[PDB]
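Starting from the structure of chain Q, add chains 1, a, c, b, U, Z, h and R where the hints point.
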Amino acid sequence: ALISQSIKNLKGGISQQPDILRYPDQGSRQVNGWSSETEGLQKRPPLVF
Amino acid sequence: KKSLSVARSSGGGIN
Amino acid sequence: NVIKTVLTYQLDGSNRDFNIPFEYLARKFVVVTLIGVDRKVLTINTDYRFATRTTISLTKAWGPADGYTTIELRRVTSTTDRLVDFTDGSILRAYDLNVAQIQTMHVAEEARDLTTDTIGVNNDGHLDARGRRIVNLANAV
Amino acid sequence: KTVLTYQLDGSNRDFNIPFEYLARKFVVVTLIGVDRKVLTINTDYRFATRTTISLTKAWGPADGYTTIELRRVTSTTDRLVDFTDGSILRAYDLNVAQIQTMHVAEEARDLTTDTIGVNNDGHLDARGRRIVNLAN
Amino acid sequence: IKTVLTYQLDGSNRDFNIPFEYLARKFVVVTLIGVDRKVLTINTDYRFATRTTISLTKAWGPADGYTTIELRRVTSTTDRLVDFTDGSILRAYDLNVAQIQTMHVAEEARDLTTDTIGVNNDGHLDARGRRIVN
Amino acid sequence: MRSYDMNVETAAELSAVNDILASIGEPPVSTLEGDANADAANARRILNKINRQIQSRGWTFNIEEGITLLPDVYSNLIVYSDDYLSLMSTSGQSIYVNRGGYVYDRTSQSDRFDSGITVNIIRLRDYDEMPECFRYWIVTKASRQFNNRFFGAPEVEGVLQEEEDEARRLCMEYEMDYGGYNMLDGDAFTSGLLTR
Amino acid sequence: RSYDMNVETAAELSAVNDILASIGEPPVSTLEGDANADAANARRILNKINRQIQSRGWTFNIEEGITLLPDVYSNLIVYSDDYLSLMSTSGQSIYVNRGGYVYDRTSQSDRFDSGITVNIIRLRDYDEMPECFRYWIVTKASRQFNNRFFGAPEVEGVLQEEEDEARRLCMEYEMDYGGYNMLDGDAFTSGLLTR
Amino acid sequence: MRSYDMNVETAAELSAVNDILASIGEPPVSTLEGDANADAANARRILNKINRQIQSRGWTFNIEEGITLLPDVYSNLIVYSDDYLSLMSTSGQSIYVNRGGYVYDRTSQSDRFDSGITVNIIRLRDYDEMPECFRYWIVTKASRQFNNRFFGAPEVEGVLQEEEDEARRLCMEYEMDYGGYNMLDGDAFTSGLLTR
Amino acid sequence: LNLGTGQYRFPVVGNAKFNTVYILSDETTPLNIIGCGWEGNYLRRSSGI
Numbered sequence: 002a003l004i005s006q007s008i009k010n011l012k013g014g015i016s017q018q019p020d021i022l023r024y025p026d027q028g029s030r031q032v033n034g035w036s037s038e039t040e041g042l043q044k045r046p047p048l049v050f
Numbered sequence: 084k085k086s087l088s089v090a091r092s093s094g095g096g097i098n
Numbered sequence: 003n004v005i006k007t008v009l010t011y012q013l014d015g016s017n018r019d020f021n022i023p024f025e026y027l028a029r030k031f032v033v034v035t036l037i038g039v040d041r042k043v044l045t046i047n048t049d050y051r052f053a054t055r056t057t058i059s060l061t062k063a064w065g066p067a068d069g070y071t072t073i074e075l076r077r078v079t080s081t082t083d084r085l086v087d088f089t090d091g092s093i094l095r096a097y098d099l100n101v102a103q104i105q106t107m108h109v110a111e112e113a114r115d116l117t118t119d120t121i122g123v124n125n126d127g128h129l130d131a132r133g134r135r136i137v138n139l140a141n142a143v
Numbered sequence: 006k007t008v009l010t011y012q013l014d015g016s017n018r019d020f021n022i023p024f025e026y027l028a029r030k031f032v033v034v035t036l037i038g039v040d041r042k043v044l045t046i047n048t049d050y051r052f053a054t055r056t057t058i059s060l061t062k063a064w065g066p067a068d069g070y071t072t073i074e075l076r077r078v079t080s081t082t083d084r085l086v087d088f089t090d091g092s093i094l095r096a097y098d099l100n101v102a103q104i105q106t107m108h109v110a111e112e113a114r115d116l117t118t119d120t121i122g123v124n125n126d127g128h129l130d131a132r133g134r135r136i137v138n139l140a141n
Numbered sequence: 005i006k007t008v009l010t011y012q013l014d015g016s017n018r019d020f021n022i023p024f025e026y027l028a029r030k031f032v033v034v035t036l037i038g039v040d041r042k043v044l045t046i047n048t049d050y051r052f053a054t055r056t057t058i059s060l061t062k063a064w065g066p067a068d069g070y071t072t073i074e075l076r077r078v079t080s081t082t083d084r085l086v087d088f089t090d091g092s093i094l095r096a097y098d099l100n101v102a103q104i105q106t107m108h109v110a111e112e113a114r115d116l117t118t119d120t121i122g123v124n125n126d127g128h129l130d131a132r133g134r135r136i137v138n
Numbered sequence: 001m002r003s004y005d006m007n008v009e010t011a012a013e014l015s016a017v018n019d020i021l022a023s024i025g026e027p028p029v030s031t032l033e034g035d036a037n038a039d040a041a042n043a044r045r046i047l048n049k050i051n052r053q054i055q056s057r058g059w060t061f062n063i064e065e066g067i068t069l070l071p072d073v074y075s076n077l078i079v080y081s082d083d084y085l086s087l088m089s090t091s092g093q094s095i096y097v098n099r100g101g102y103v104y105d106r107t108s109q110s111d112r113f114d115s116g117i118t119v120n121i122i123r124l125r126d127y128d129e130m131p132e133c134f135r136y137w138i139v140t141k142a143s144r145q146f147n148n149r150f151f152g153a154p155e156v157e158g159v160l161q162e163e164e165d166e167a168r169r170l171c172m173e174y175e176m177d178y179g180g181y182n183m184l185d186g187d188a189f190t191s192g193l194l195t196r
Numbered sequence: 002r003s004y005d006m007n008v009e010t011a012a013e014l015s016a017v018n019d020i021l022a023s024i025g026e027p028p029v030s031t032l033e034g035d036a037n038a039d040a041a042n043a044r045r046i047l048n049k050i051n052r053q054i055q056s057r058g059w060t061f062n063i064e065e066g067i068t069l070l071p072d073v074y075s076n077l078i079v080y081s082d083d084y085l086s087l088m089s090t091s092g093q094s095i096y097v098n099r100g101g102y103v104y105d106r107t108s109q110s111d112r113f114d115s116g117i118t119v120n121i122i123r124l125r126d127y128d129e130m131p132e133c134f135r136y137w138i139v140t141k142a143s144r145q146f147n148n149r150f151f152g153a154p155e156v157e158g159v160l161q162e163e164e165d166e167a168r169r170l171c172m173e174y175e176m177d178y179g180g181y182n183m184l185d186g187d188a189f190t191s192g193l194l195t196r
Numbered sequence: 001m002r003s004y005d006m007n008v009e010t011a012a013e014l015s016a017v018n019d020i021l022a023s024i025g026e027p028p029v030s031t032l033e034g035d036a037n038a039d040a041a042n043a044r045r046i047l048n049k050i051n052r053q054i055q056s057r058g059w060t061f062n063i064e065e066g067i068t069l070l071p072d073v074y075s076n077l078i079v080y081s082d083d084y085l086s087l088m089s090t091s092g093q094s095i096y097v098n099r100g101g102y103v104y105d106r107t108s109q110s111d112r113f114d115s116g117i118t119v120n121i122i123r124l125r126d127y128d129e130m131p132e133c134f135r136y137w138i139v140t141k142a143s144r145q146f147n148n149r150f151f152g153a154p155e156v157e158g159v160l161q162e163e164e165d166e167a168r169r170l171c172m173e174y175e176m177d178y179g180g181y182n183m184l185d186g187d188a189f190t191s192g193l194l195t196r
Numbered sequence: 746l747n748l749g750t751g752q753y754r755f756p757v758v759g760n761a762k763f764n765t766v767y768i769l770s771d772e773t774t775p776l777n778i779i780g781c782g783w784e785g786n787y788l789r790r791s792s793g794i
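Chains as they are written, first to last, in the authors' numbering: chain Q, 2 to 50; chain 1, 84 to 98; chain a, 3 to 143; chain c, 6 to 141; chain b, 5 to 138; chain U, 1 to 196; chain Z, 2 to 196; chain h, 1 to 196; chain R, 746 to 794.
Be a bit skeptical, because a hint or two may be false.
[Said to hold, decoys possible] Derived DSSO-like pairs (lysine-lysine); straight-line CA-CA distance at most 27 Å:
{"no.": "1", "chain 1": "b", "residue 1": "62", "chain 2": "a", "residue 2": "6"}
{"no.": "2", "chain 1": "b", "residue 1": "6", "chain 2": "c", "residue 2": "6"}
{"no.": "3", "chain 1": "b", "residue 1": "62", "chain 2": "Z", "residue 2": "49"}
{"no.": "4", "chain 1": "a", "residue 1": "30", "chain 2": "a", "residue 2": "62"}
{"no.": "5", "chain 1": "b", "residue 1": "6", "chain 2": "c", "residue 2": "30"}
{"no.": "6", "chain 1": "Q", "residue 1": "9", "chain 2": "1", "residue 2": "85"}
{"no.": "7", "chain 1": "R", "residue 1": "762", "chain 2": "Q", "residue 2": "9"}
{"no.": "8", "chain 1": "h", "residue 1": "49", "chain 2": "Z", "residue 2": "49"}
{"no.": "9", "chain 1": "a", "residue 1": "42", "chain 2": "a", "residue 2": "30"}
{"no.": "10", "chain 1": "1", "residue 1": "84", "chain 2": "Q", "residue 2": "9"}
{"no.": "11", "chain 1": "a", "residue 1": "6", "chain 2": "c", "residue 2": "30"}
To be clear, the hints were calculated from the coordinates, so they are not data collected in a lab.
Same shape as in the complex, but just chain Q:
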């Protein structure tokens, strides 16, 4: 049967636990990303010389 789940906010950063133990909002990798409270995942602000 067709099933569907959505992850409202990718705000959990990364987790090093097995995938069966992770929260839906935690990923595996997140490099140069910003976890905003109201804008979700963003690129980190650019490095200004």
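Just chains 1, a, c, b, U, Z, h and R now, with coordinates in the frame of chain Q:
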């Protein structure tokens, strides 16, 4: 009428 | 073009019922006149009757023997006297707004249908006198 | 009646208005001479009262214009009452809104009757004018 | 300013301007004037190219039998665009449209001079080659 | 379309509206005059709709046969009112239609008549003028349609469906009793065949 | 309310209000302004249903022996969008729409020296329909309005029942209007009845 | 395959798309020009797909019999356009197929023609050129497929299924009325049998 | 002064994700919006699981 997504406040950290 | 407030029908001497196609707010706004040698206006309850709200029943049958070829049903909506006048303390109602709009609409229609009281073009390309005399033409050359 | 005339050779300015007008721009005053002259308001006539107009200058039959016509021309495009939401609905504004259309209708009942009309005997009363270009 | 106006017909032209304001397209009446008068239908014989112009689907002219076209405003008197219903919010738009629609009928009422004899420069009664009947 | 809201309220029309209101459990109103009662206004609108619809079906009491419709002597136009629920010919195929609010002869392609035309016509009548059985059917059908649109109760739907069927049956009994139709001597064809 | 008035209401505004009432909604006082989706949706469906029922073909609206005149110069007969049905007066029809013009498929020509005679259905106004047909249009328009813009399934069961009754009463009107006879009115049998 | 979205929008095509949009409860669009409206673009694509499908079925009004397809005088090739919904012989078994976008005689195994071939052909026509009944069926079928694919409402599915059947019936009535088919004298075989 | 009390139902037609509803008022009358609500046809082809 297909079932609705269960409202999960969920959490963070180690589980 | 075609007048909708003035309806005139042939008088055969045996038919006493005539249709009212136009709208009206009061039976006094409907004027019944017999046309012939002269134009005789009929009275509301002694010469005719409103059999239905769309039908006028004559008490007596009129025809060419009586000297009347046609009968005319014409709406004449009051212009000085309005049926609805709003006051400062009165509840605004849908019926009052409708009657106020319709009365002005009838007065506007009768002005636009006033080609009956003049010489205007009928359905054909002919100027129509509608069975009345062009008096005071006097000499011609 | 929405159209009236006054011919006054002597020095006179005041003309009583028979008809009811909603705005002063509705009343138009013209001079019926060899050719009609349309007169502006400020230069030529002041509203001494709502009922009467005091036309400046004699403008008598000494000039060609002789009689003076008081004509009501209500503007169809302009509405004196425009209903707006959030505004108190006034019995006055409801009443006047119908009147402006009625005044236009009144003026129509006289314009068509002007060229040819019907008398009190139910006959088409000509003014003594020949029916020219009539086709048989 | 006029609610009724007439354009001369040539086979080249198909677009005709509407100068007046109309509340509904059905209030505009298109007629072909020649030896015979023909009322046109909204889609088969013409259309509303814009809010202010009418384009005929077919060109007309003296060969067809019509030398002039007529664009006339006939606001419906029996069928009113506004009918106030009990228990409905009274909107100022309804009051304005009801006032405008009756104004259009009265505005057309003072344009009946076109459908009348007319008066000459000499002050006579000039039938434009039309018979007087009844 | 004839206005239903713009005349005096009659006892039967007021009774009809309160019957329709009762179908969804609304209490009766004292008057049909505008009191911002949306339910009563809705009921009167459905009442007028059903009144026009059942009359337009055609019955011996309301089908007028041989009626003369007279033209205007100066325009030769016979008006086809919106209150003409049905307009037919007295016999054979009908030839008159509605074209621009006037009677139009589709066979002769003309709307001009020099004399009156004879037609089988149904004209709109007041709900008062309806026979008692037909008044009950109009009210029953209006009540069913009122509940369907503005309450939607399925239990009320089933009962009003049965009531309408009974109401229509009793109107059909009225139709035959009023009609008094006979297939032997009241028949257009068989009566001629009965002559010896 | 005083006075014995005799006034009418616009039938299109009444028709839309019946369509709005079918889904339980309050009536509207006006149908213009272009800012009411319900008015726009109901009017579009009512026009669409009115157009669709007229195109089915009835004795009252099927015009027989109608002549369509060509243009004097281009010799083209416009195939109107408001021609719900266009057929030959008898036999197999030969005219089709090709680019908005009448096209004779048998002769493969858009050009006509004289007017053609066709059996045509031309779109009429909702006001020009018979009362039973107007009821059927409104009932059908209300049914498709509920399916498209309300969606209540118990209303569909009601309006399906009402449309079926609305259609049969129009079929009764068709037979009464047609006055069809298979003995003498028949095109073929009337010839067989000659002795 | 002919592009449906690359020409001016007709009033009927815009009306057709709005009808399809209404089937799932989408509000009408003023224009068919690209405003990033995915629903309107989806509706127009299904409208074109149903337009090709119903036309390809074959009807008396759109089956062109005896059409001559002319070859290029220097290549002797007759193009088999993708707008040829059906290409047949005028009689008997058909011999022409599509091979590489050009007409191919499968019996003679040649794609070279010195003169035009006579074929019974269906060529794609604009939805504007369809009869009113066929336009309604196309819209009804497009609306049904649109709802099935992009909304999937089962209640809408059932009603649109009924509407398509009614719409196809009315197109079937149009086909016979337009066709005027007779099995006695309009028949290929029986008409010869009636000669005495 | 014209003050209304009750419920005003208005059509909001189409996808909920692409319908913007806002209330504007620049008149001298007061407004007191108690609450709001909506109805629509909802369907998902998959279960919440």
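Pair hint residue 762 (chain R) and residue 9 (chain Q), alpha-carbon separation not exceeding 27 Å: holds, 15 Å
Agreement of residue 49 (chain h) and residue 49 (chain Z) with the hint, judged by alpha carbon distance not exceeding 27 Å: holds, 22 Å
Satisfaction of hint between residue 6 (chain c) and residue 6 (chain b), Cα-Cα up to 27 Å: holds, 23 Å
Straight-line alpha-carbon gap residue 6 (chain a) to residue 30 (chain c), limit 27 Å: Between residue 6 (chain a) and residue 30 (chain c) the Cα gap is close to 33 Å, so the pair fails against 27 Å, i.e. violated.
Within 27 Å, alpha carbon to alpha carbon, are residue 9 (chain Q) and residue 85 (chain 1)? holds, 20 Å
Holds or violated: residue 6 (chain b) and residue 30 (chain c), Cα atoms, limit 27 Å. Between residue 6 (chain b) and residue 30 (chain c) the Cα gap is close to 20 Å, so the pair holds against 27 Å.
Holds or violated: residue 62 (chain b) to residue 49 (chain Z), with C-alpha atoms at most 27 Å apart: At roughly 26 Å apart (the allowed maximum being 27 Å), residue 49 (chain Z) and residue 62 (chain b) satisfy the hint.
Given the hint that residue 42 (chain a) pairs with residue 30 (chain a), does the C-alpha gap stay at or below 27 Å? holds, 16 Å
Pair hint outcome, residue 30 (chain a) versus residue 62 (chain a) [Cα-Cα no greater than 27 Å]: Since the Cα atoms of residue 30 (chain a) and residue 62 (chain a) sit roughly 20 Å apart, the hinted pair holds (cutoff 27 Å).
Is the hinted pair residue 62 (chain b) and residue 6 (chain a) satisfied, with a Cα-Cα distance of at most 27 Å? violated, 32 Å
Is the hinted pair residue 84 (chain 1) and residue 9 (chain Q) satisfied, with a Cα-Cα distance of at most 27 Å? holds, 23 Å
Hint violations for this structure: numbers 1 and 11, all remaining hints satisfied.
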